[PDB]
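What follows is one chain in structure tokens, specifically the form deposited without the ligand.
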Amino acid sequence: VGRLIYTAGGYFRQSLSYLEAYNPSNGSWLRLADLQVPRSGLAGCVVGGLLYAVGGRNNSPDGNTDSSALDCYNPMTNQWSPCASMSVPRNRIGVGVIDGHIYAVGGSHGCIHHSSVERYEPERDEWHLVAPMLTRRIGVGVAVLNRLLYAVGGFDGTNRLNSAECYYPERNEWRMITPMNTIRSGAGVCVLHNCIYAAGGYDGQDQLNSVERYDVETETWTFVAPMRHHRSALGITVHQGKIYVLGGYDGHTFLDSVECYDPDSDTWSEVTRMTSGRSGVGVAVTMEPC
């Protein structure tokens, strides 16, 4: 939590440059400075109050260019500034933050599906590669709980995945965890309480409305209430103890629906709608602008 839910980029017909922020306290949306380059399949995160947009791909009428970019948005100035780029382009990337360091995980570059992982140091403005995952994964969901980073699901070039793994920084090592009950690429992955949640995604045949959570202590995956809408390539974030899912694709429409999950009642409700339907957005939470 911090204040507003920011959604950056996305896709509808082509990649988008929108940056818009939703205030759950009053229902309003603000349109803010556009990204320098349109991108879908990116991930967002926040460190030190600043919003970062990482990776993705610019699908435009004249080209599909995978991105190795890291760009930072300062709400105090309503401006984007480039940062050092990653070692390699990464579309349909997963990102997590551990103690102020940004981990960029997996993703694709053309037909290459990465298992590589790299870590960004904001004050030093540098990226360095760390140990790669045990599995190549694009459309991978990533979240951090208790300073351990989890990469969940995705697609390896051949099969969509129900597997997941965890990175232990002090040993720079990855280990498989219990796999999910359901194959999911493009799921929204986040952390709430002591669990890693995987909502939606695509199982090889259908966009999903199911949601399951991994208890890091018991090592089990348990389904919770399903979302009202089936969605793959959705954005997700947690704010004030509730999960918010934004957009995605349901096999028919690029959704403008934003649903919110309340873990106390185990229910999802429709809470607002984005200004236009889109999938493949980056999402994160930070202070309101200006």
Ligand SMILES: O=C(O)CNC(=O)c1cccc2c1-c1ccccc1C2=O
Given for the second form:
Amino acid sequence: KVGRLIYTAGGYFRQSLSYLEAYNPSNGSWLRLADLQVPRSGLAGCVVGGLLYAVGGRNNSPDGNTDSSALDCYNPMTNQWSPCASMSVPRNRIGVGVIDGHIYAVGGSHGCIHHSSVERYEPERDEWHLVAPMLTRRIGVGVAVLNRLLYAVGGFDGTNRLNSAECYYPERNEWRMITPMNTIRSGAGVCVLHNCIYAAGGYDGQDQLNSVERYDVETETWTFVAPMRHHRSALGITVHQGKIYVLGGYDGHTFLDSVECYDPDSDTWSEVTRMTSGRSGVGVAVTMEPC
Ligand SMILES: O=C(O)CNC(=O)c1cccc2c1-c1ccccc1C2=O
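Having seen the form deposited without the ligand, please provide the structure of the form solved in complex with the ligand.
Following is the full complex, with the preceding chain placed first.
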């Protein structure tokens, strides 16, 4: 369990960013690691087999906006990125979850197209294949996995921001709606902790949110927990050692550098560190420290 860092890849501040930086909760330090090959915001991160994957996003630059179909892999042992097979379609504002060593890429946008499509990557074969699409088109969708079921939460369908959510049952290759959230949220941070799917922050169509709610997969209810100190949309999120970490985002005024940590035992958030610069739209995951 020792030696794991919170990695943050990419993001947005004025333009899309190539940064890869890693935070060590055990000593408060940050390390700057190898830049992404292509800057990207609105991507997702995940880890399989100790390797960090950066999935989708968009490169916003002075010279254009390019939605990404890319999958790239970072090996902490070498501090190098390597390209993997690309997805079937570009997916900005994507959601990603891992089931049994396979990466699921969910939703996202390609220009004015809002995807319902979903595809699954097999690292051993370096191949993607499409699976059943969601029941709803969703960009800015939060995704998490609990008990080998994949959840897609909230987002924006091209016309409305969503409080709806749905679950994918892999053995049936089928999606079903679950109870909707109490709050409409696009660009929330979605993760799993214990028996619940958390949705933190986001944008409800009027304001960036500090509220946080959790879906108990047994009781099928959404319950609010303590709110974050800061309102934030387009935040990064992960779980490490039984606590939720939220990173950056936009509060309606500033691109935040603050990282807050949720302790479920006390139902409290605390500010634990700051990123080296404020940014939104990062991908985040946890794996072993580099070199
Ligand atoms: O739709 C979503 O999911 C979240 N949107 C927002 O919260 C949002 C709303 C109005 C203006 C802006 C943003 C925003 C979010 C992230 C980076 C920059 C901006 C930005 O200028």
